[PDB]
Every structure is written in structure tokens, then in C-alpha cells.
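**Student:** Take a look at the letters that make up each chain.
2 protein chains.
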Amino acid sequence: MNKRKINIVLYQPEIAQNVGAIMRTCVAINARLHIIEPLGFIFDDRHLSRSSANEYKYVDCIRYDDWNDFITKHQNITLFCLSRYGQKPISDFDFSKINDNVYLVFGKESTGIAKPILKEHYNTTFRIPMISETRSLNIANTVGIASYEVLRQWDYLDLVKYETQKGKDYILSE
Amino acid sequence: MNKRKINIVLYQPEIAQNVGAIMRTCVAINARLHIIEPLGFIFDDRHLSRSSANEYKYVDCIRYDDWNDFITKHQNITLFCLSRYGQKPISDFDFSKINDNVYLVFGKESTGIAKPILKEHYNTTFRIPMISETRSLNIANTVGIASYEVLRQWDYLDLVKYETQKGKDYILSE
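The listed protein sequences derive, respectively, from chains A and B.
Residue numbering for the first sequence follows my numbering, beginning at 5 and increasing consecutively.
Residue numbering for the second sequence follows my numbering, beginning at 5 and increasing consecutively.
Mixed in with the good hints, there may be bad ones.
One copy or two, either will do: identical chains are not told apart, so a pair holds if it fits within one copy or between any two.
[Said to hold, decoys possible] In silico DSS-like pairs for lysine-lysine, Cα to Cα no more than 27 angstroms straight-line: (1) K119 / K170; (2) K61 / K112; (3) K112 / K92; (4) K101 / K165; (5) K112 / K77; (6) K7 / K92; (7) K170 / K92; (8) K112 / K172; (9) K9 / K92; (10) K172 / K9; (11) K101 / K9; (12) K119 / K172; (13) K165 / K119; (14) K7 / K170; (15) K101 / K123; (16) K61 / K101; (17) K165 / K112; (18) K61 / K119.
It should be emphasised that the hints constitute simulated quantities derived from the structure, not laboratory data.
Looking at chain A on its own, in the form it has when it is part of the complex:
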């Protein structure tokens, strides 16, 4: 059986707009979203509707009281953690070896993931290459870049990869 599934873990996100955009990405690729309290914003439809393009309503989402709660429920799992100080790009890990849940962990836009977690998981920390250390990407865009690298190595699972003949002879004619 296929047991391959993208799991996105957000460690104490601050910004409603970022969580909303991530929800929209998670719906698009059928990922599971794990959110670890506390949050910097009010978690409801009012604050997540616009940034999620209404995908708040359909996202597969689990909330946890704190890190300990999440770890308690996920014993002996590998976490791939995004850091400024991550050893190498995510494209350098071999995900074709894995037929299981993969967990991509993203921290607060301000200061990333707690140092004790990175230390614990230093061997599976990844970075997104940029021109320098004064540079940054929006956290929502990083969830997309990291997710689609794992998805490429899985041949995009059951996502729709190719245009039908309906599409092509529509554009190359009508």
C-alpha cells in the first residue's frame, strides 16, 4: 500500500496570514497540518478565510497543547526541520527510500524553531539556499518549496501531473 503522506508541522506560528496560506497549500497537495500552541493570533474562520482562499473549511488539521503533546503522540519519528543553520538543501535527502508519513517542521517567522529541537534533530535539518544570511523567504513559500521537493522525489503521488487531450487541443485550436 502507499503510506507516503506530507505532514506539515508549524511550531508556534505568529501570523494568521501565514497559517492561512499554508492551509491553502496543504489542501492543494492533500497534506496533513499539525499546529503546535501557543499561536500569535486568533484561530477561527474570521482570521483564516481570506489568506486560505476559504480552504480553512477543508484542511486536515490537528492542534497540540505544546511540543511535549506532539512528541508524546509521535514517538520515534524522524523530523525534517527548516533552519537558517540547516546542514544542506532538502533536495539532498533521499525521500524515494521512504514509504511512510514524512514530517516537515517550520518555526515562527521571527526566530525559527526552538534550539533544543534543532540540536535533537540536527542530522535531518535542511535549509532553503539563498544569496546570503541577511535574506529570508515568507514561511508559507518555504512550506511550498520543501513540500514540492519531497513530492517530486515521490513522482507527485496521485496529484494531477499531465494535461489531458481535452486541454491541449482546446488551446492548440479553440
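Fit chain B to the given chain A structure using the hints.
**Tutor:** Chain B alone, transformed into the frame defined by chain A:
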């Protein structure tokens, strides 16, 4: 010499927030940003500051009166165009063959790129795989996913791919 450069082309973007986020991505990877009028918003520091995290100030950006203006200045270049109806994923084109400007073209969040452009460039149209056609990603997130696929095939050019020994023995100790 290296002539490899990411060029992002935005065809009549509607939303200031999207252009701002793209500017931030362009600065992070040293891409050139080509913007084609008309725009759905006021193009100034006031509307682009927050969404760009102030990267508006440093982005390498060129503006064009319309499509004809852009094409006039870019005769016989290949355009890789994002479409819902794109033939295959961007990871299926071989960019390792190219030592030149690559042009990734993105249309308005509402209705994508003008049909006559897609028809003209149907052979180099790409899609971002998703679970179905009712699904969508934010345009800014698509610029990141597409850019970093080309960058992976170029071994990330001169972006910073690896942590120094300063970083590692900082975390694995201090």
C-alpha cells in the same frame, strides 16, 4: 562564463501583496523581475513595503508598457509559462542543458496568462501538480516552487547551500 539567471515575468498582476512577496523571493535568489502593465494596484513603496519585508528597495525590476513592449525587447527567447492547462510539471524539463537567461512567466491570480500567449508557447507550458482542478496555490508560492526547481537543476548556482563548521558546532554544543 555563467550566463544562468532566473527571470520572473508577471503578466498584469492584480494584487500588491502578491508582487511584494515575489519581490522578496527575487531578492533572496538574485532573480530579475519583469512586470507587464497594466497592474491592478498602485506600484510604490507604500503598497509593496510590508509584503516584500522591505525588499522592494533592492529588487532588480524592469517595467513594460504591455506584452508587445516586452516581446519587442526579448526577440526569439523561450518562455516557460505557468498554466492550469500546462502539459507537465516544471521538473520534467531539462534546465541543465541551458546556460542563459531562463524566463518563468506567471499570470493574474484570477484568470492566468492570455490564451494567445499560451497557444504561441504551448510546448514550454508547465503546471504545478495539485489534487484537482478546483484547487489553487497563491501565485507568490508558485514563483518560489518553479524558481527552486530550475535552481536545483543548476546546483543552486552561487546561493549558500551548506552550513559552515561555525553553524554546526554552535548548535551541536553552545
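**Student:** Look at each hint and say if it fits the structure.
**Tutor:** Hints, verified against the model:
1. Only between protomers do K119 and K170 lie at most 27 angstroms apart by alpha-carbon distance; the minimum there is 15 angstroms, versus 51 angstroms within a single protomer.
2. With identical chains, the CA atoms of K61 and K112 are at most 27 angstroms apart both within one copy (23 angstroms) and between copies (25 angstroms).
3. When the C-alpha separation of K112 and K92 is checked against a cutoff of 27 angstroms, the pair qualifies only within one copy, where the shortest distance is 20 angstroms, while the shortest distance between copies is 34 angstroms.
4. In this homomeric assembly, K101 and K165 come within 27 angstroms of each other (Cα to Cα) both inside a single copy, at 21 angstroms, and across copies, at 23 angstroms.
5. In this assembly of identical chains, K112 and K77 lie within 27 angstroms of each other by CA distance solely inside one copy; the values are 22 angstroms within and 42 angstroms between copies.
6. In the homo-oligomer, the alpha carbons of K7 and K92 lie at most 27 angstroms apart both inside one protomer (26 angstroms) and across protomers (25 angstroms), since each shortest distance falls under that limit.
7. When the C-alpha separation of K170 and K92 is checked against a cutoff of 27 angstroms, the pair qualifies only between copies, where the shortest distance is 14 angstroms, while the shortest distance within a copy is 42 angstroms.
8. In this assembly of identical chains, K112 and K172 lie within 27 angstroms of each other by CA distance solely across copies; the values are 21 angstroms between and 42 angstroms within a copy.
9. In the homo-oligomer, the alpha carbons of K9 and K92 lie at most 27 angstroms apart both inside one protomer (22 angstroms) and across protomers (22 angstroms), since each shortest distance falls under that limit.
10. In this assembly of identical chains, the alpha carbons of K172 and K9 never lie at most 27 angstroms apart, being 31 angstroms within a copy and 30 angstroms across copies at closest.
11. Taking the shortest Cα distances, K101 and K9 sit within 27 angstroms of each other inside one copy (13 angstroms), while across copies they are farther apart (32 angstroms).
12. In the homo-oligomer, the alpha carbons of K119 and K172 lie at most 27 angstroms apart only across protomers (12 angstroms), although the nearest pairing inside one protomer, at 50 angstroms, exceeds that limit.
13. For the homomeric pair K165 and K119, the shortest alpha-carbon distance between copies (21 angstroms) is at most 27 angstroms, but the shortest distance inside one copy (38 angstroms) is not.
14. Within a single copy, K7 and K170 get their C-alpha atoms no closer than 32 angstroms, and across copies no closer than 38 angstroms, so neither meets the 27 angstroms cut-off.
15. Only within a single protomer do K101 and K123 lie at most 27 angstroms apart by alpha-carbon distance; the minimum there is 24 angstroms, versus 39 angstroms between protomers.
16. For a Cα distance limit of 27 angstroms, the shortest separation of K61 from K101 qualifies neither inside one copy, at 33 angstroms, nor across copies, at 43 angstroms.
17. For the homomeric pair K165 and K112, the shortest alpha-carbon distance between copies (22 angstroms) is at most 27 angstroms, but the shortest distance inside one copy (32 angstroms) is not.
18. Within a single copy, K61 and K119 get their C-alpha atoms no closer than 33 angstroms, and across copies no closer than 32 angstroms, so neither meets the 27 angstroms cut-off.
Hints 10, 14, 16 and 18, counting from the list given before, are not met by this structure.
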